[PDB]
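One chain is shown next in structure tokens, namely the form solved without the ligand.
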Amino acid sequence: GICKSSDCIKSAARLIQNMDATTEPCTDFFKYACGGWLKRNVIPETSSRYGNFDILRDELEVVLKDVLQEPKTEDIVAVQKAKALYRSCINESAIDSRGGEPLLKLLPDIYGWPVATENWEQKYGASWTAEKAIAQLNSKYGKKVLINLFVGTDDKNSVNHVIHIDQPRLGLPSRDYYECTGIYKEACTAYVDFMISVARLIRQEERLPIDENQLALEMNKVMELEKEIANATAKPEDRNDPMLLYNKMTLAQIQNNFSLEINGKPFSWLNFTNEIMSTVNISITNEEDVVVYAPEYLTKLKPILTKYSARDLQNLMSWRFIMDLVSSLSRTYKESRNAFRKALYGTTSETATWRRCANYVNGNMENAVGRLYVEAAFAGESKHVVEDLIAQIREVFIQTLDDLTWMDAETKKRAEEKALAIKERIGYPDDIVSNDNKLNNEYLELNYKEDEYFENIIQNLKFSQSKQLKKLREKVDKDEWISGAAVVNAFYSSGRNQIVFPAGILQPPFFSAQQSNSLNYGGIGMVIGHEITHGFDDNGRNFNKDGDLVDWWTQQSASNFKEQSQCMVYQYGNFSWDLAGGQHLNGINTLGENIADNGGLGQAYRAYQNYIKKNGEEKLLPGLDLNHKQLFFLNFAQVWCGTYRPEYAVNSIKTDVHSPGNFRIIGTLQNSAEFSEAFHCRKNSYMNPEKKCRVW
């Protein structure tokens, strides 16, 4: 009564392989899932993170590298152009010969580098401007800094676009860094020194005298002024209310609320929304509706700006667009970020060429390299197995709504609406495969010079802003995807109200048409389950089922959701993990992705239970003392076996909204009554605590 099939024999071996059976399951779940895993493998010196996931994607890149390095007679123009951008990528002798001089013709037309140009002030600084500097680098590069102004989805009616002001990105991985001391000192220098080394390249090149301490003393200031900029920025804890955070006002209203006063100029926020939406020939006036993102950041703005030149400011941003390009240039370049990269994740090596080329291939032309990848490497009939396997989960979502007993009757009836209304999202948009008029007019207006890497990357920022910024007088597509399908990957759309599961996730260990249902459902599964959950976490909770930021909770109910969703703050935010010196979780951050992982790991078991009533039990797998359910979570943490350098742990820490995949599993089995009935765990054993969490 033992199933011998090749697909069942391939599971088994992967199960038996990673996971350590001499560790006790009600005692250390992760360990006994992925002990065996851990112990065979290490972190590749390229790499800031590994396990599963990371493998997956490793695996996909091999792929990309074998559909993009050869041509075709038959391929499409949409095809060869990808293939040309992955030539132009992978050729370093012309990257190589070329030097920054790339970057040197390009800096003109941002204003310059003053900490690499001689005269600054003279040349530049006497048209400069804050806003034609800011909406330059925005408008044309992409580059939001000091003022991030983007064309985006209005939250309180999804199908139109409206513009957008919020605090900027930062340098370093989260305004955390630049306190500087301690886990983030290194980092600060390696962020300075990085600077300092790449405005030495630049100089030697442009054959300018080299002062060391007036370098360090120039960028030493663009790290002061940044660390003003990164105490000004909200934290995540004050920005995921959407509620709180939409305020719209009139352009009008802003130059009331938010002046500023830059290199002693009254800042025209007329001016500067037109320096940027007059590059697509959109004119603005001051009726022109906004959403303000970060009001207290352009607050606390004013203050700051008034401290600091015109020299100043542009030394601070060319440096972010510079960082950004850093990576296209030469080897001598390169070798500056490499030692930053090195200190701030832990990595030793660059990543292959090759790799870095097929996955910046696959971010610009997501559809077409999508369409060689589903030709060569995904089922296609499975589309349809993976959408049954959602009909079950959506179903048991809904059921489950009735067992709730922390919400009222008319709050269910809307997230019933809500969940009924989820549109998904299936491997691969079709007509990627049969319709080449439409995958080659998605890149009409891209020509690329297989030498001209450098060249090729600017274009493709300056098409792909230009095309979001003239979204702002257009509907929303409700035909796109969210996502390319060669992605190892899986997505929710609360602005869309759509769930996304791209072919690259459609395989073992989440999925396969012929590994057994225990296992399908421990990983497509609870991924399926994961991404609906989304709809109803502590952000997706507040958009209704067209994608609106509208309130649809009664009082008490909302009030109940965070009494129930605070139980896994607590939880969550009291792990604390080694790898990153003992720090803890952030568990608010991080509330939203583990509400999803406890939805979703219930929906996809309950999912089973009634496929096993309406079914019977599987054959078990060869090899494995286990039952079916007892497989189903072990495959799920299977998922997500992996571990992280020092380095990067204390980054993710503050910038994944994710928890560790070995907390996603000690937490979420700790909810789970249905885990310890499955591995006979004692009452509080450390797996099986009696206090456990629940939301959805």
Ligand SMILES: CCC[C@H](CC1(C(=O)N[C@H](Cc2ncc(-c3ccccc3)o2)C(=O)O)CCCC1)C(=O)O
Given for the second form:
2 protein chains.
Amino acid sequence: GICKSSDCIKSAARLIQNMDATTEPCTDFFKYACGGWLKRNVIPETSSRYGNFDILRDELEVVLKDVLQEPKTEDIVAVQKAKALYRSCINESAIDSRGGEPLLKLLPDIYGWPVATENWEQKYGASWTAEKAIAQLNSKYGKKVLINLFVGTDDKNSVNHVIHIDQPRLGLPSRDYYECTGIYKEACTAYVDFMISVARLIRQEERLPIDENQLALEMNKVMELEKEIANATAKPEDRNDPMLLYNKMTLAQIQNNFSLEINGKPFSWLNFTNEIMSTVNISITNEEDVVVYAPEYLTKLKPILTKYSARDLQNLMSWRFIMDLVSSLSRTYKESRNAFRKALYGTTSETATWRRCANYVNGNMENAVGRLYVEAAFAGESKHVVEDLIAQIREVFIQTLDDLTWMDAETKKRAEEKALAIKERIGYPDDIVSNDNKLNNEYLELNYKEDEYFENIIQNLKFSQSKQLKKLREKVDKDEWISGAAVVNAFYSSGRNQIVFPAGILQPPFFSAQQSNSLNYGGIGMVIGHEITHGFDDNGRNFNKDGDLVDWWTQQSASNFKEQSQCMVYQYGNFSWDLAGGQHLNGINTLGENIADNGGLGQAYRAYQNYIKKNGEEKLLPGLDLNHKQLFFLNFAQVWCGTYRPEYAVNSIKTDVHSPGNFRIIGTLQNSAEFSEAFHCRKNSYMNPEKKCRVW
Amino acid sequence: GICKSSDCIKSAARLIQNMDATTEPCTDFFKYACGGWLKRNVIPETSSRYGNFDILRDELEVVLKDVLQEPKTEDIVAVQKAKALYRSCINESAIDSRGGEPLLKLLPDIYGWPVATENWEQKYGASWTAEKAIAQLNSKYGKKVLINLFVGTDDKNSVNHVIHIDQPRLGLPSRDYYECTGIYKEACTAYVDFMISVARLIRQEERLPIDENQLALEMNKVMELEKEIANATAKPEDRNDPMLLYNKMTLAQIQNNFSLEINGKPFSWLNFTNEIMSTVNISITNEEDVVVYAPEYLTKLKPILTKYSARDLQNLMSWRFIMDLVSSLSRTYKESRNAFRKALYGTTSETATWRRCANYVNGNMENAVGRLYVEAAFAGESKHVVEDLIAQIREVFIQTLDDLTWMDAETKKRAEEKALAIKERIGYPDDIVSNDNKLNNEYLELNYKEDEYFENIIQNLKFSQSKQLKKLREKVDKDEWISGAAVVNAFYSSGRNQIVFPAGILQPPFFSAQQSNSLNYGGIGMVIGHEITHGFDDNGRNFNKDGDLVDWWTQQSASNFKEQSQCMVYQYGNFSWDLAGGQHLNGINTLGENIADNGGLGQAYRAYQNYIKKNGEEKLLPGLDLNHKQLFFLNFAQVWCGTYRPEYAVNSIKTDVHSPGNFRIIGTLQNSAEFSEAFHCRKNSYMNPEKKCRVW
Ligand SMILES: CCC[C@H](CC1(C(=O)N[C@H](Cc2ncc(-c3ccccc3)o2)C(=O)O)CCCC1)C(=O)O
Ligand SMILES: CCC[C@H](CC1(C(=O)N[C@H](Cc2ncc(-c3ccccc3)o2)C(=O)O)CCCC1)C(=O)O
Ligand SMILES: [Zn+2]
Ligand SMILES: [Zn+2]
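Please supply the coordinates for the form deposited with the ligand bound, as a counterpart to the form solved without the ligand shown previously.
And the full complex, kicking off with our chain again.
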């Protein structure tokens, strides 16, 4: 009664090699499921974390290199461009030759970088306007500094676009870093030293005198400024309610309610917006509707900005863009980033050039690269099997609604509506392979030079920014995929009410039409469940079947959601992370993902139980003294095999909305009665606490 | 009739994942056995080649890191030293702080480096003597320049040591490179540029004026000199007959037959030898017996050396030592080596610091590190099984003697004598684990400082050199192992008539007491056979049962050996290597190894056939439509799964005595009738030529 197929022995060996049978499954399931893997592996010097996901990503880069490196005769223009972008990226001889020259040429366009410019006030200060300086960086280069103004889908009308105003991203991973003490000390030191290093490289190349003391005085004034901007920013915990975050205002009321005095002006919100929108020849009036996500940040900003000059602000503004370009310049410029990335990521080295380039072209030409990927790596008969698993999981989500005591019939009926309306995307959009003009027209405006990598990167910035800005009066395209196919991940869009399973994640250990169903349901099944549950998490639950931010919950069911969820907030907030220095997880920031993990695995398990009821038991795996219910949980846990570098662990606890892999395993299985049943766990064993959290 | 053990499914998955079933085994067995592996893998940026051997080596480094990084309470002094050497090596902050300072301190001890010294003639030239300058580098630092004088086992008396005189190693991989054209152009340019770079770093640190033109003039004069020394050196093809290479002379006849005039002196062979031997307080007379391996080189050297000054010679002499120290200094010094190693190895990066350090301490404290390795990684019940496989393979070597038509009864009886006398070493010497004083006394003279890595490396150079020089009047220790245990390799010593199987190679795919015997015989069995056959190759056949260079062959059997071998010289010389630019293998240089591969696999196969005769057929592997005879050849071929970087392929074709992995597979299986029988290969199919080479 044992399976002896090639595909069953491959999976049994992987399961066997990764696990640690000497560990009690009911004491620590991460150690039991992953112990063998952790012992054999060390995180690469170029990696911040390593494990199942990162290994599959590394392997996907191999396939990209194969398809991108060799020109072919019948290659369509779109494919030629991807390959020519790749070739321009991999020629380090050509890049090195140019030094920082392409950046030197760029600086006058952005009002310069005051620290690396002589007489900045006479040269740039004279014309300088906050609304012109911020807009230039925004519209031409996609770099959002001081005020983050973007064109995006209306949360309250999923067919239209709106101008949004939000707090900007910071140079350090999170606002937390700005304390600049203990765990953050090395990151802050390496950040300012990186500002100093680049400023010195530019001065040397521009044949300017270098005063080390004035470099440190000016660069510490940028940190001083960004520390204030960071403290003004709202916490993620104060941004997790989409209904409270959504504030629709006219540009008139923004000018009235959020005044700013920059360089003793004041700030004209209308001039700023038109300075951005004219790039795309769109006229904006004071009767323009704007979604303001950060009203408190805009209020706090007012007394911050009056304190600094045009020179102080532009020193931060240009640094924020320059810090992103340095890695596209010569070795000397690339090297200036060494201590900063080690402090943030723990990595002592950059990834192979061919890997960075394969990723760069995949990120910028997702449909051209996705097409090449699928031909090479993806079997279309998998698409059909995955469609069927999704239909089974959506069904289990609806069936489960009835068993949920914490919701009323009225809210349950609307959750059924949302689930039935979920739009699934499996593998790749057919059009990328079958429609050559469509694929060619999407890149028509791009023209790459093989000796001009920096110009190629700059062209991509302007193009992606023009693409997004032009969407303002345009409607949201229902046929658009939220991800390319050459991606090892899955997604959910609230605004589109859509679940996506790129071809990249549709491979072992997640899925194979030849591996056992216990393994498929525990892998891809759990992942399908996770994406569906995102539609019903603390954020997703706020959007209807059409992707509109509208309340569809009764006061009671909504209060019950919050009550049921709070249990997971405490459970996960109580997990201490040794790699992050004993620090506790953010139970509030990781909530959405934790709901998705717990719901998703339960839904997958019930679908697997229904599969058995209908089809009977599966043939047991060779070399494993585990039944199929146990293999279900073994495979789910192996999806999360991995470890983190201490510096990256310190980063992710603050920036990532997901719990670390080990706690996604421990947390989920602690709440699963089906797990403790399958592993015959004793009451109050570490993996079997009496109190079990449950929302979905 | 199929095996379903955990250990059989692990091996079947590895075999399955590495092979390519879409390839005809009789068209290309490398592609069929390794195709799956080649497709999935790319050579790492830090690797010159990658494959089975390198993967196992990388994995062994993981184990070394585990055992070396954590101090333990009951650690013996020998273990504390290994761990403290490791810790000194991994602290790059401490190393970087020192710059090139530890090298600056070293230079006056070696008569300086003229290019990075002001007024070298007044400072060093005044006292300078070729015999003092060459001796200093030799005795204190183990650096052999111009004349390679060493203490080693007497080829004609395996119990004693003798002073040997040979041609030195060159800064570039082989003499071939010195053409400096085409394939060698980038290596020669990067070599001289590396001399220039280090000279400039030293001048900058010593606050000296830098004249770029005089750096290039002096450094090109070192290349000019080394090009002459390289052309004077004898080819490996002219060094493959141990009987012709062995020339016993007295120091008197060396002074009479090989005069040298350095700095218009002439050279005193007695002063040179005593300058070396006094380091160890050994007096040498002109009646001292010396083995001269390079008499023609010494003759050609005479008109070369008269042409150059003390300044020109010392510029090469110190560079040859400095080029080896640069990687033990700060980042700036480490970086000066970037283009040179890329030209020789194709690597764009150095391996992880912890990996270089684990290797460094394993290479210098092989018994301390081996002890830690075996406790952590090696099961002693494997030792017994391997002993038994060796006894079976030695037996098959003797049995086969009878079937050999090309040898006479008299030579066959002496080959039986040599084989019966072979001394086997399996896993590790018991003493490393059970005898603490012995282990502690071997490192007694070493005292490491954790903040002083360079001093630690310098101490190891002097210690290893004193150890070797002191052996002159001492007898050869019969109990000495030719390798440490933490090594993924196997060896044969002609002088000791000994075969070694370190614990590091006694693991899958080579060996496991739980994997199928077809896999064990095809893996470790082949490797045991290879090591035994080395005792009877074109070099080994010249040494008797006691390790003495004595003729035991009849004129006919010896001529027949040469006749039988010539077939392999042609077969392998006819293989064109695409990675080495279509270049052909050296059929003469790879002969010894090719004999060992072909003999070794045949001996292993016959032992496997005898195993079946006695024990019956083995249970078939799941997921494989291959019988056990086929699995034998599949596993042998998987031992050689791998690929090379083009630059390293250009290096190895010239420097390595082994054929590349793919040709070791194709060449061996082409000559194997048993292979074509097992795979039902058609006559004159690529894998089945009519003419089959055979010696052993
Ligand atoms: C935009 C969000 C997409 C996300 C997709 C999923 C996800 O969580 N994907 C990756 C998983 C990942 N990368 C590295 C590691 C890792 C490293 C070491 C140890 C353990 C793990 O795990 C992630 O972003 O966490 C949900 C389920 C699987 C796919 C979502 O829906 O939240
Ligand atoms: C001092 C000589 C020791 C040697 C030991 C053996 C050997 O040949 N060992 C290694 C094998 C090796 N390293 C990397 C690769 C490789 C990389 C890519 C593709 C293919 C292969 O293969 C070697 O030095 O070639 C004989 C049989 C096995 C062990 C001997 O007896 O000659
Ligand atoms: Zn998620
Ligand atoms: Zn060999």
